[PDB]
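*Asks:* Chain residues, written in single-letter form:
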Amino acid sequence: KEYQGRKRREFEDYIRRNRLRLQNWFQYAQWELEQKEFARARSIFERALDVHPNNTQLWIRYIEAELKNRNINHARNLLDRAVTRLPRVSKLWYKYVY
Amino acid sequence: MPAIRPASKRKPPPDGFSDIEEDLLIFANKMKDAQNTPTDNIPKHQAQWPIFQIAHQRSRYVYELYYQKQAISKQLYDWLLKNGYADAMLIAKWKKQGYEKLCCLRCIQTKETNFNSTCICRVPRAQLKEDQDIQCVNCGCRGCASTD
Amino acid sequence: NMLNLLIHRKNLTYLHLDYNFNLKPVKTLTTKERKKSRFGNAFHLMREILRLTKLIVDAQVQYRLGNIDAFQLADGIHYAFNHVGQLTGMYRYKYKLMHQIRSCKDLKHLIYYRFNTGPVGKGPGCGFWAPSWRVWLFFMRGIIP
Amino acid sequence: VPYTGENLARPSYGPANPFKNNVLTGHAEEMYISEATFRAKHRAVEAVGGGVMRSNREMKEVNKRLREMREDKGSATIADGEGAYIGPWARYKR
Amino acid sequence: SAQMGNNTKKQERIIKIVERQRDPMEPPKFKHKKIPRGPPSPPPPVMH
Amino acid sequence: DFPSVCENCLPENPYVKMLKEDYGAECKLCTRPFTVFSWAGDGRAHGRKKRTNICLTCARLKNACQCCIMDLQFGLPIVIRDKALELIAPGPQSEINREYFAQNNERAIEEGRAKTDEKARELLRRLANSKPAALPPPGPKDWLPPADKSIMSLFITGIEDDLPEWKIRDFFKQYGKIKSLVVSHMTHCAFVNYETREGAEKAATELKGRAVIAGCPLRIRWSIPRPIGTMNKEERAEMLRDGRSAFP
Amino acid sequence: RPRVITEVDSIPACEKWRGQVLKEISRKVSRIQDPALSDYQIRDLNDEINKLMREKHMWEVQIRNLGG
Amino acid sequence: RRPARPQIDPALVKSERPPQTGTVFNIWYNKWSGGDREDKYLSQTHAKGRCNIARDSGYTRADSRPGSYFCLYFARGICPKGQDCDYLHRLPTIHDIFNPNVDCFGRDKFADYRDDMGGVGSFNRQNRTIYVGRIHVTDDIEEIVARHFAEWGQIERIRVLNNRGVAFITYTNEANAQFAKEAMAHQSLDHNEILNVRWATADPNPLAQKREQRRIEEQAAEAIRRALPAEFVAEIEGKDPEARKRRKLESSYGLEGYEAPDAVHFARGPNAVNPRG
Amino acid sequence: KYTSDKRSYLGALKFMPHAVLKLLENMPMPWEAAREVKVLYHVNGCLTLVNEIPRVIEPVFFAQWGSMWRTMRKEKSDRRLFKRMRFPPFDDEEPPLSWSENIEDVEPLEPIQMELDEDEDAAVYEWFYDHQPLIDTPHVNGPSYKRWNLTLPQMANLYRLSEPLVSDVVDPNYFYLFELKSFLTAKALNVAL
Amino acid sequence: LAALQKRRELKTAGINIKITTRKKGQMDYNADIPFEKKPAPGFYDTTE
RNA sequence: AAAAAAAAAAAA
Ligand SMILES: [Zn+2]
Ligand SMILES: [Zn+2]
Ligand SMILES: [Zn+2]
Ligand SMILES: [Zn+2]
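Chains as they are written, first to last, in the authors' numbering: chain H, 51 to 148; chain P, 1 to 148; chain V, 629 to 773; chain L, 34 to 52, 69 to 143; chain B, 194 to 241; chain Y, 18 to 131, 138 to 155, 221 to 336; chain R, 33 to 100; chain W, 50 to 326; chain X, 195 to 387; chain E, 193 to 240.
If you are wondering where the hints come from, they were derived from the structure by calculation, not from laboratory data.
Think of the CB as a built atom: it goes at the ideal place given N, C-alpha and C, for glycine as much as any other residue.
Hints should not be assumed to be uniformly reliable.
In silico DSS-like pairs for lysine-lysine, Cα to Cα no more than 27 Å straight-line [unchecked claim]:
| id | chain 1 | residue 1 | chain 2 | residue 2 |
| --- | --- | --- | --- | --- |
| 1 | L | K113 | P | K69 |
| 2 | B | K227 | V | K664 |
| 3 | H | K57 | B | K227 |
| 4 | E | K203 | H | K51 |
| 5 | E | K210 | R | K83 |
| 6 | R | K48 | W | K97 |
| 7 | X | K216 | V | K722 |
Short, incomplete list of chain X residues facing chain B, as computed with Cβ under 7 Å [unchecked claim]:
| id | residue |
| --- | --- |
| 8 | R201 |
| 9 | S202 |
| 10 | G205 |
| 11 | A206 |
Using the sequences provided together with the hints, build the complete structure.
*Replies:* Listed below in structure tokens is the structure:
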């Protein structure tokens, strides 16, 4: 728990320091995925989607992170949101049909 | 004048003052003793109760020396009221129907309560509960209604 | 008591405010303590106005105790209202106040040159304090808002 | 309309729920009454003696027993010692 | 309404609400807290 | 502009004189300034000025009276209700997250967004199916008074965890004045020290080495007072079996 | 601290002595954790830690005898 | 009856400054400042009075007023007013229950505990457990604890962790626990010691955990049984076979093979289809 | 015990300037040994505001300060050696003097007053050095002390007592090219009279 | 690291010394999810 | 025809 708190503190300090860099959000969410904290990783990804709404890479990585943990209905809701927000990005549609 | 004059600009009090002067200094020394009463054991608002009580007692002494016994002249009475030996407004309330035993003026200041009431000590004792020894937070009054 | 409470709330208990409204460090101050304890113009202006008021009130208290008589009281009041720049550091926190000081000096000259004519020799004794007292009341009128 | 009698007379159709309030604990609305009405009703509830039918002479009698239960008020022309004026600061014996 | 168990119909109430007398000398009672910004309104679809 | 206060916190008088102070205090949960409503209780002429202790948003989140801070459906404390009904507690309880959630959700909490009923029945059904060489029977020497008049203690064995100390105390209060009663539920031991030996002799006379308190069988003997220390689980089990064997 | 550990019977004095000995043992352990300590320095740190542990043991024995 | 006994004379009770642990007395915080931080908390002194319930109890100017709280200083043994005190000067009984916002003395309870866990307490835990330490380690700890932790209320369970000099006293009433904590703090048991009577944390023993969880569950069950009608709850547990038969026969409403849901059957209202209430 | 007052106490610092001005505007004159003023005070003791405006009759105030001018000139001529009082009057570490134990019933020294002739100054003799002269007489409107009217002997006496501090200019032609209009005209032309 | 080994060494020797890194001005990241933004529900049920 | 603080003396 001390390690988890220190890593969370470091990641949140990097997010507060420069929130417009996607790597901080990606690292924090992937790390929180590694300790199977799916609600925490979902919250971090949704906060990143609040900072970066129209980023296709963040949408792709969050759908992928939802899929690799066998959360099918969550990821299908996520793909519906992604093709609703960006209907002219063919990458999201191609991933969704695939 | 309530402002002190040295010795040669002092005017003498009206006649009959020296008869009641000993009781007036009794009240003055009682108030001076009330200035030096420990507040360490009593609530803060209870530290100010004896001053209102002694002011009531001195004003009542002057009031019933002039109006009941009539043992002092009118000029002496107005000089006592003008030189701070009695509270003229509390006396003025004492001459009214229903306020003859009023403890102090602050207990009928309705504009300065939470719900525009008088004090609870203004209430007749019959409309209050038994074993209810109320004690006014303004002055320590235990009931000053005229019927009490 | 308000100035003392403000000092003690800010935990600056190494500053002592004495009863004549002087603020002195009780010990040797570090750089951090000197930076924390540096009050502003509002506190210091209010402190100096309280100091002048204390001088006036204390002159009246000395008259009422019997230590000085009424002529000494009037001369001291006229001295105090004419020497605000010497008896206070009040000008340090509001410098336009120097105008008032200059005004009092001007009044003093006129008063003094009409007060010492003939047998009235030079020295202390002029208790004609009303014009300088006026000047500082109008200063207070301006300085309250 | 919709304030007429035939509009208020018609009920709501359909069945009733087998399983509203302005605040979390009840329904509270702003109302306008005289100050004297609230004071009189609060007095009727609050005063021990609200109701209980009573004329002036026996109320004066109850006042007389209540007054003689209390300590002596004292003489206001006696400034010191026994008999000195105590007044409204006289306590009730119990 | 009915609450805390019992369901008896309590009598309806008339409540006098008066603003409290405040000390004119009282300073502001509480400090100001710097809370971070909440999330924005849900962004619209991108209609390129 | 109106508090959410239960009836038992409100005065018995149907006419309430109420004071209202905008930003009069901080909420006792989220530490935000809120409008405080206050009134005088039925305890006339001294007591405590009852007031809204928490804000209205926290009173919607907790479903509680603003004064007493108890559940407005059963009259239970909030934590008791939440532990015994396994509720979500809809809102963070951290420091900054409280103001964040209140700042971002104060319009949906008011409309009842972000009903237990059935979970109370679930708790009642769950508590319906609650599921919470032997020594010879005691001979006469166990309850006969010893020759030593200094012997005062009465040793009890067989005490279960469901038996409180007060039931033993007022079960033995009828025999005399008890100086001390030590009940260790960890070791299933108890020591009764009286003030007069007559009371202990009467306890031994009308107990006769056996006792039943609230359906729990216990064994009583005379004993010199000795302390109870760190003691083995097997010995605890065998005197629990002995206390059960007090009623063969 | 007093030299006679066994003569101390006061609970607060024994607790203060034990706290001081524990602080000294922690300081000795922190000094031993430093890589700059040579063989003589590590031996001195180990001896100081052992002495602090013995003093803490004596203080705790006195406390357990007379309150603690 | 009996008036309240004045405990300490007013000559010994003053309101003076704390002992000088510094150079300047800070008057806003009323605390000494200066000196050295090695002093800091220093030590916990011995209190100026204990309580005898059989000797110090009586009536005050609070038995006439319903809803009056108990006295903190009568619990501390240093209340000089006697019968003129505005608070009660008697022991809390078993029917002296208080809401989860105040203690028995009327002080406001807090959201969370303080780290140095003492004071009034928190309302997020119905804590009836008091943690006492600093006991002179002897062999007769249990008898003297049971003798002296008994005049403050009615006691459920005292576990004396001997050798450590630590005991955990659980009263059946929270007000009695607060009274005992405010009464035995900085007192002496048999020898001249200062007891650290503080608020107990949570017993990690899983047996104590399931005991507390169960007791919470029947407290809530008692509240629900008070809320619901007797026939309703009697059908709800269904331990009585006759109540089960009543549920089978009554929850049919003409249509056979229904077995009506608990939302429809166990419903309260004017328009429900049930005996209602 | 007074912690619940402290914030309020400190808040009244915000209103201590008026108090100072109020006190400084109601200070007794040299001919008054003491003055009673009406004060509005906070119930916790944080702020005393002198609730008076020092209203004077201007002819009376002129005559009183003219008599002061005479008396101080005569005394500074007559005194052997005038001793100036020490500023500050009290030491920095001396605690403030209590009213009740130091001043309250203490005999005041006699104030500066010109000795009026009983027959020449007969119009003002009985009221000249009062704090609010003629306040109980029909020469003023009432105790609020807002309007005055005076007789011819009184105005003559006040004018005679004011001759140290009264103008002797009768002709307005004395102020030819030495008035506000000419000063402003010279300011406009950047010249000096 | 050195604090970690000394904490482990004192953990082995009976006593459980509490470790605290709670400075002032510091947020709690382990109590609840910091600035928790739950995912928006969709047409697919995700309770399982 | 007669004008009178800060930079700047540094985070167990
Ligand atoms: Zn009164
Ligand atoms: Zn009153
Ligand atoms: Zn009264
Ligand atoms: Zn309530």
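*Asks:* Against this structure, judge whether each hint is valid.
*Replies:* Right, here's what the structure says about each hint:
1. Our distance criterion of 27 Å between C-alpha atoms is met by L/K113 and P/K69, whose separation comes to about 25 Å.
2. Taking the CA atoms of B/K227 and V/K664, the gap is near 23 Å; set against the 27 Å cutoff, the hint holds.
3. This hinted pair checks out: H/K57 and B/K227 have alpha carbons roughly 24 Å apart, not beyond 27 Å.
4. For a cut-off of 27 Å, the pair hint linking E/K203 to H/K51 stands: about 16 Å separates their Cα positions.
5. Taking the CA atoms of E/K210 and R/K83, the gap is near 25 Å; set against the 27 Å cutoff, the hint holds.
6. At most 27 Å may separate the alpha-carbon atoms for a hinted pair to count; R/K48 and W/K97 meet this at roughly 25 Å.
7. Among the hinted pairs, X/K216 with V/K722 is consistent with the structure: their alpha-carbon atoms are about 21 Å apart, no more than 27 Å.
8. The interface hint given for X/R201 holds, since its Cβ lies 6 Å from the closest Cβ of chain B, which is under the 7 Å cut-off.
9. Hint status for X/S202 relative to chain B: holds, with the closest Cβ pair at about 5 Å, below 7 Å.
10. For X/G205, the shortest C-beta to C-beta distance to chain B is roughly 4 Å, which falls under 7 Å, so the interface hint holds.
11. Restraint check, X/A206 versus chain B: the minimum CB separation of about 4 Å is within 7 Å; hint holds.
Hint check: no violations occur; every hint is consistent with the structure.
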